[PDB]
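Starting off, we have a lone chain in the form solved without this ligand, written out as C-alpha cells.
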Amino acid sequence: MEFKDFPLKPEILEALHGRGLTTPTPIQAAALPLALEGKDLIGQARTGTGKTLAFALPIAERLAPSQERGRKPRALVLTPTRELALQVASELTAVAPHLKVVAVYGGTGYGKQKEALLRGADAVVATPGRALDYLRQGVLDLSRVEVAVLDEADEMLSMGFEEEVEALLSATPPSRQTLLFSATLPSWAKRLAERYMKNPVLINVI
C-alpha cells in the first residue's frame, strides 16, 4: 500500500509527494492503521527502518493548525540526544507544514528555546533534562499534549534520563496517545509501557 492509501490529509500527502516518499517501510505500514486511529503502539525498530515517519505522520494528521499566540504544545517527542532532536524536528516539520515544531536540548543557553516556547508551539521535540527544566520553570506546559512519543527509550535509560522521562510523561494528560520506540526493551521500558500506555500493540521489525 502507498501513503495515499492511508487516511492522511491533503497537506500531508502533498508534502510526502514533494519529497518523493510513496511507499511505507514495514514499521510504517504496520503502525499506521493503528496509530492513525489513535491507538498506543510500541515500535521495536532500529534507526534506518523509517521509525520517525511512523510517529511523525500520526502527529501531523491528528493536529490541526493553530495561530493561537503563546499556545501550548499538543505533541511531545522525547529523544536521548540533541542530534536526534534536530533530525526528528526537521522531519516532522517537513511532513507537517501546517504545524510549528520547536526543538529543545541542553549543551546551550536557556534563552532562545525559552522564547520560542513562549511564542507558541504545536509540537516540541526535546531531550529530557532540558525539557524537565523548562517544565519546572513553567516555560513548557504539557497539559495539552495529545500525542507523546518516546524515541529510543533504551538509550534514554542508558543516558540516565529515567526520572526525567517519567516526570515529563506524568505531566501529560492520560487521555493522550502514547507511542514508544526502542530497539530493546529493558525492564524499565517495560514498566514504563505498563504504566503510561493503554493496551499497546507491539510491532517488531528487528
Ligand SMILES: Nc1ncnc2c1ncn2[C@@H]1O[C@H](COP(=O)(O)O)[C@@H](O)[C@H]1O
Second form
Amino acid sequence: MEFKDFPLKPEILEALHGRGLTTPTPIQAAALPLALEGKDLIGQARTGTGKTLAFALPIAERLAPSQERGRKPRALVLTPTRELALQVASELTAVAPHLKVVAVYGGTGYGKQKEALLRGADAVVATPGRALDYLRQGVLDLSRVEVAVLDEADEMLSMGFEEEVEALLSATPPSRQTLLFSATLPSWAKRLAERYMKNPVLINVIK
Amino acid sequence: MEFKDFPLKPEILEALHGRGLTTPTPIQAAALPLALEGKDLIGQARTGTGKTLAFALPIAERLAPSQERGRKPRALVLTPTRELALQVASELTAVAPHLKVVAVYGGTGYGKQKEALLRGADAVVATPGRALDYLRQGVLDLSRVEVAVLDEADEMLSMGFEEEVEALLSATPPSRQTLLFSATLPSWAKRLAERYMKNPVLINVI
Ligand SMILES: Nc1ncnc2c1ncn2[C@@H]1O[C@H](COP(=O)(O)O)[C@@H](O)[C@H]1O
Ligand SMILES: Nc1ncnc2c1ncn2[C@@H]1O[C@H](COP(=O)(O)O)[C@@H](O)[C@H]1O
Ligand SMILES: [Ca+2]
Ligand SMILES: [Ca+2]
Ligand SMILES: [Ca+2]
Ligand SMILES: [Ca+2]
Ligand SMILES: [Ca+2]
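Form solved without this ligand done, so how does the form solved in complex with this ligand look?
Every component of the complex follows; first up is the chain already shown.
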C-alpha cells in the first residue's frame, strides 16, 4: 500500500509526495493502521528503518491546526540528543505543515526557546533534561498533551534520563496516546510500557 | 481502518460484509498492508484475535483460480490438529471459494485426501505428520508453494512436530511468503524465523 491508501489528510499526502515519499517502510506499514486509530504502540527497529514517520504522521493526522497565541503543545516527543531533537523536529515540521513545532535542547541558553514556547506550540520535540527544566520553570505546559512519543528509549536509558522521562510522562494527561520506539527493549522499556502505556501492540522489524 | 481500505478484490470485500465484518482486528490491521504485499510476518496471537483472516485474506487475494488437472498447491497451511485444519480450511473456503482447498489430517483414511491431491489443489491445510508422509510418497508436491503458513506453532512444538514442520518448509521454494503464528515465541520459533523467513516483521497483540 502507498501513503495515499492510508487515512491521511490531503495536505499531509501532498507534503509526503513533495518530499519524495510514496510507500511506507515496514515499520510504517505495520504501525500506521494502529497508531492512526489512536492506539498505543511499541516500535522496535534498527535506526534508518523509517521510525520517525511512524510517529510523526500520527501526530500530523491527529492534530488540527490552531492560531491561538501562547497555546500549549498537544504533542511531546522526547529524544536523547540535541542532534536527534533537531532531526525529528525537521521531519515533523515537514510532514505536519499545519502545525507549529518547537524544538528544545541543550548547548544554548534559555531565551530563544522560552520565547518560542511563549508564542505558542502545537508540538514540542525535546531532550529530557531541558524539557524538565522548562516544566519546572512553568514555561513548558504539558497539560494538553494528546500524544507522547519516546524516541530511542534505550539511548535515553544509556544517557541516564530515566527519572526525567518518567517525570515528563507523569505530567501529561493519562488520556494520551503514547508511542515508544526502542531498538532494544531493555528492562526499563518494559517498565515504561507497564507504567505509562495502554495495552500497546509491539511491532518489531527483525533483520 | 476498514476492510475496504485494503487492496482486496470486491468479491472478497462483499463476502466479509455479508458476514458482518467491516473493521479489521489489531493483528489484521497491522498485518494486512505487509501481508498483501507478499512480505513475511510473525503474528504473536491466539484464537480470539482474528489471526485466521490475517493469513486467509492474503491467500485469497494472491491466488487466481486454475482448472488444471493434477495441479500442485500454491498455499500450504500447517496446523497441529484435525480440528484446526477443518476450521482453517472452512475459513479459507469462505473467503476464497474459487480455490480448491484440501484438508489433510490424521485419524482418518488416506484415500480421500490422496485422491484430492492427485486431482489437483490450490491450497492444502494439513497436520504435519500426515503431510510429511505424503511429501515422502510424492503425493504432496510443494514445489509451487507461494505462501506457507505455520498456524499455532507452539502447539505444533508441544505435540512433537518440530521435525516434520522443518522438513516440510525445507521442501518449499525459498521465494515463498512465510507467515508464522506463535503465542510465546519459544526458542524453536525463533529458529524457524531465522532459517525459513526473510526479514519478518513481528506483531505481538497479546
Ligand atoms: N516511506 C519512506 N520511503 C522512503 N524513505 C523513507 C520513508 N520513511 C522514512 N524514510 C527515510 O529513511 C531514513 C531514515 O529514517 P529514520 O528511521 O526515521 O531515521 C530517512 O532518510 C527518511 O527520510
Ligand atoms: N474483523 C473481525 N471482526 C469481527 N469478528 C472477527 C474479525 N476477524 C475475525 N473475527 C472472528 O473472531 C473469532 C476468532 O478468530 P480467530 O482469532 O481467527 O480464531 C472468529 O469467530 C472470527 O470469525
Ligand atoms: Ca537535556
Ligand atoms: Ca537523570
Ligand atoms: Ca482507498
Ligand atoms: Ca499429523
Ligand atoms: Ca516429530
